[PDB]
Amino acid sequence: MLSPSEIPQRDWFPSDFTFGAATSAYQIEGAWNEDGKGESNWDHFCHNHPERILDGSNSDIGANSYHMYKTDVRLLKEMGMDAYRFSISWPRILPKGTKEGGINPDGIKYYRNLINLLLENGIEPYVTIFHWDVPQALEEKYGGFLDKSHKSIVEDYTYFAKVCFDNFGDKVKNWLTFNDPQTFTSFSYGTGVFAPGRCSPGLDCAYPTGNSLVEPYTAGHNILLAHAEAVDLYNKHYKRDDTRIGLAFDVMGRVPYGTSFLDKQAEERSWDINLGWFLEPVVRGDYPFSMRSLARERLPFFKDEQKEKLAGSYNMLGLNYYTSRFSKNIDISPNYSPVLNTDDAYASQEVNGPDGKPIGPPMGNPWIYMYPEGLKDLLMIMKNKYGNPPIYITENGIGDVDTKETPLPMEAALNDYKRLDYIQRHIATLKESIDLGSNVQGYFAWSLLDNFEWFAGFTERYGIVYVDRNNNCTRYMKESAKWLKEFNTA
């Protein structure tokens, strides 16, 4: 348990530092087929493959934030949050996903009202343009981000961004093109645990007719081109001195498994395939050398023109941090063959070190182990290797397990001391990292609300604010939310 002097204080950070909460459209909105909203890959996947969701649920209602946005703002305001990061639903704005399909007026109106209400309450909006919700129309037309041409999806995404810029740009000063590109490509096309659920034949996913060694890279390539093109557009016609744009990467810290220089090299390849994959291209205009030498022809090349648009295509960067892993070396040899795109790193990602102990105490769900040190390591890397750009921890939190077999009593769900302790530690880590020179400028507690958790469905509660789906999605502040309130209010 942290001691009194170890609990972070708002005044530990500069006056302009940003503290907020975050969410994603498909996870909280609900109203999935309401007011003209088009169907998304996730609507499709959940409805057609409930057996691929842990509890067979879907986000038809989620946290019902489409209808309850005023309450979400009230909660953010009561907590004294400086900002709120949320995402826009592509199919809710462009039901057909394209210009020809037309812009959905109600979709525009919804985010318009949410943005104005936030600003009216002094909360700065950090708008994520895309969070895995691809219009099913594009998915059917050309496989969405699997688009072999590297043109259709890029054009349609760019137009989608243009729509957000045209309608919200006068109000929004912070844009995030993508969120978690690595998890999206690896889970949607590698292990196929995410919509549309594709993987190599022989693997266990809904559609074992893809290629876990190629499709993740194809999609990743399209995401980068889309990002570069959107940023080019924003810069040319929408940017203002006081506005910024970037993207957020999902990243787990990497620590050498053992003492051999071999594990340090494995650790190196691991940061590369996780963070480098999408970060290096926006920083320097191309993928990490490691990945190029290992994925080879399975990793598409950029044109010199694309490298240019990509290099430096951001004013700030988001970092979604939750845990870390020990990276253990795997030699190139006839005995080993990569199966998943992530195997190209030639390193196993271990939870337990050589002493058989976990890298950090388990937080509850199957993958989160508390290791704040990794966040510092990550920040030091951003600082010393990637130009120390403005950083925002766009996601940080834990999931409280709550299953039909082992329900989490409301009272316990509210007394989320483990979550509180975890959040406090990472915030403390940021304070340390800042003193060390890290250009981090904000922290967003992940999940303002308890909501849908993709393949985990509703088996986990990540919110700092409880949502009782049994009672009109009523929100109740958890101890974590209450401390943050005290923190920002102090």
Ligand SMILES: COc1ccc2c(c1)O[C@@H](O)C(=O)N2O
The other form holds:
2 protein chains.
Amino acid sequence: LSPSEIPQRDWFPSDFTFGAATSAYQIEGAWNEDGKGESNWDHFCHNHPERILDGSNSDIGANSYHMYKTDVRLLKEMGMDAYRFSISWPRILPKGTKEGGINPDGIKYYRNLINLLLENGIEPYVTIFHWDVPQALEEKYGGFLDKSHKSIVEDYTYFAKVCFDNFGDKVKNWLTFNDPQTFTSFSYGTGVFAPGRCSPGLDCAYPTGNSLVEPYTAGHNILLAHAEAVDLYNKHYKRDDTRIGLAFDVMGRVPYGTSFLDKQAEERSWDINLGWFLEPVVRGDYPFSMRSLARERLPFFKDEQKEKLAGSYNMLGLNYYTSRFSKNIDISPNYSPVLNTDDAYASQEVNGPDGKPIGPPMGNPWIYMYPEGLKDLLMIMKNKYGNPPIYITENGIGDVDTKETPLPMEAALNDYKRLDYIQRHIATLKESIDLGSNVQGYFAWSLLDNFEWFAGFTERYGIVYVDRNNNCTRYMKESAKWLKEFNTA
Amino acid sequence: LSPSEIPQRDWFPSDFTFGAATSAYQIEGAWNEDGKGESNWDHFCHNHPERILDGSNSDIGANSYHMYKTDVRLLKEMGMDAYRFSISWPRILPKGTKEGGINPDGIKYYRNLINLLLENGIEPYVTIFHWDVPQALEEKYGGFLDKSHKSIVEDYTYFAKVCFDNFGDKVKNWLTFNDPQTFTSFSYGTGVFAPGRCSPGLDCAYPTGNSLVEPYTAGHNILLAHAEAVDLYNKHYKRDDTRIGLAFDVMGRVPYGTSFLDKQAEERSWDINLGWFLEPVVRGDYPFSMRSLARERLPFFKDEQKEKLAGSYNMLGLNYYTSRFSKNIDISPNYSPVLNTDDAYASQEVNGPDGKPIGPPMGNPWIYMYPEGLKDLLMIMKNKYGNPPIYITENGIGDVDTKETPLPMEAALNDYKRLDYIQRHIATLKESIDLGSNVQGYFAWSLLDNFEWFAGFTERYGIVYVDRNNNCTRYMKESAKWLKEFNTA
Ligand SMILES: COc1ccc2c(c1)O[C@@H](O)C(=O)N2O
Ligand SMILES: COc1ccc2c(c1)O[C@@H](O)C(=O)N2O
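Next up, the form solved in complex with this ligand in place of the form solved without this ligand?
Full assembly next; the chain just shown is listed first.
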């Protein structure tokens, strides 16, 4: 990557935002201290260690509940403009409900972190929910599987309230949800995420759900929850200087072949991945393609739910990592969807028709570098969805570090493959910005190496190394080095 | 229209084709002479004159069965390179079947017509089927409603063999079907065409069919029929110099508003109108949108049928008259398709959001001049469907002439509105051609004023006037005058 091709901070406006992000369950630890209630993930890891690649859990994680001061320190040192982190629902509301009571320690922790960030001039981008549903709600009504579409909605809205109430004065950027598609699809479709539900006959801890129905039920409840929280937010906490939205996980889609069929398959793929949650918050309802394909398996919104959903955001987060080639699949008696994602009638290929991958492999089993994909996504957001304020809330790669193939600390700190990847994506935002894209910021995903869900600790996504052998000592990597130089020059 | 804007023959290639077209039942007459069998239309008009605007029938038509030598004279005098006419199924096979026997008189008629056109240097474009189904087959197995997708396709394939066997040596251009969409939709959807079937509750002669199913059944049979005939043709009659295809009726589609929703609606509209029959003969199956929306109501093809379907043409006909704005309709509990054409989930508007029509009205209830839509249609044919050899097999307008507001022969002859319209579309073909369009010809629709189905004789579409008050005497209109000048310079 040419020396002049390498991004410079002056390439972006002075009001542009650069930061890093994390998620509560992945870094906090102290899973059962100071009154924090049990979460779906606490439950899943403890009860199904066999469902985690290396059978680990996040009881400690990056131990950020105790070491948050150092996290804010690395942020300051790197010269980061902002920090995106999430709030653990069960740590704020142990039972997840109002009557359950608010846990003062949870409030204290987040209150302290936020103040520390401000103190050092780092803007806090708070994600209210990042997959950590209080187990209490999970057993009471299955959480977001809530068939009534009322319970999980009200409890989330209240949770949202407790956050707005205790942090509204200090937090100017809110994100109700993060990666809603990954959450519903992996937790109820493939079953790789807590609680591990999937259609009978599939390989997951609880093969007694419905991969073709539950993800949509969960998704429906997430959208209702989001709408309700934004409604509450806009009415009592919103200030001219504050904003609220949600972040979507999305893989770019490129027509497998030159047939117009694959172009249609590609469109169905954007719809089922990004459109699923984006269109509802934009126009108030699911993509036409999804409704025509999922059918009754995709709930309908009430007229009053659509009004609330439509325009329920001031900004949008995009978590981009890789792209895929979408290959057409014809509707036929020979084909029956099994997973919610099959409803798109398109296979997502890593390799194009020439046998070469859409982009160079970044290390783990799924990330393939293709910054052009981010460009296409931003063009869609710009030309099709109103060109709203966009923040790349996640972007990065995971360095594999297994028991069988340990990543030497030396090799872990020399993360040049990560640096190249980051510099390239940042350059893409520059190209997109010149093209009229409304991108306002970029958050390197994973400030710290941490628990990676079903992958456990087999992957290091941080720009900051965490030596869990030595009390989780943090060491900046080369990528973090460059970011510092980038922000401080 | 500017004089610099008037098309000149030298605008197009020397090999480009210019002609006029007609349909058997509309001009022929002699409905029951020389052993000609009864057709679905003979039957419909006779049994339900209330379903014809002026309660007429085409027993005589323009009397072209007895006056064909004149039609040819008219054609040569205008300088037409070709003439497209259809062959009456019942006139060749009175029982519509092989067992029924071939009617020698029917054969001799088209033998004389073909040879005469050829002796006079006019190329014949033979349309095998134009809605005239032998009433015998209709009563036998419902004709194209044939629920077993065998009888009808077999009988139709025999009919085509007969045509190839007796005219093959002289005909170099065949068209299996003409306007398949209009036939299935109007005969079984809205039921305004013979036999007049529609869903219970709908206003037609026999409200005991199924508007959401029969059109698709008939259409399925037409595609199968078309596939076998081309297979038969390719195997025993095709020559290096001959070609076979079919002509599609199609209205241009333009987004109603600027929403990406209407763009999607527009796409679903091209699909249900053009794609319905075009995609199957291009790739071997119906468009995805239709299968996802029509579902089980739209029959599936056997893998072997898809084989014969894909690539079953050497050229394609396009019958264009007007366009419509496609306005989005969401899938929802507040909507239920009633007609097959409603599966498109889009309302087709004449007036855009501003209240103005898509194009200036041409007189009858449906034609609105919009040459742009022809350009769009050709761009689609070029870029999406392989830019195959295209012939505009129909293009024109119908002048209103009812016994309430009769059209003075003089005014009927001074058809400047028709001329302006014709010149505009011919000009459009020039623009499209330079843009890469593979258009090879243009046929002005309606060589003669004739029977206009449910509109009966209330509309004069011919470029040549037929005075049925004087033994159907033919008189050239100004439009025919110009076409002569155009072809002869
Ligand atoms: C190993 O942990 C993950 C495995 C797969 C995924 C993951 C995390 O995060 C999602 O955003 C994602 O798109 N998939 O591909
Ligand atoms: C009665 O004459 C007709 C009236 C309407 C139609 C027709 C013929 O055939 C096609 O051109 C068509 O698309 N419709 O609109």
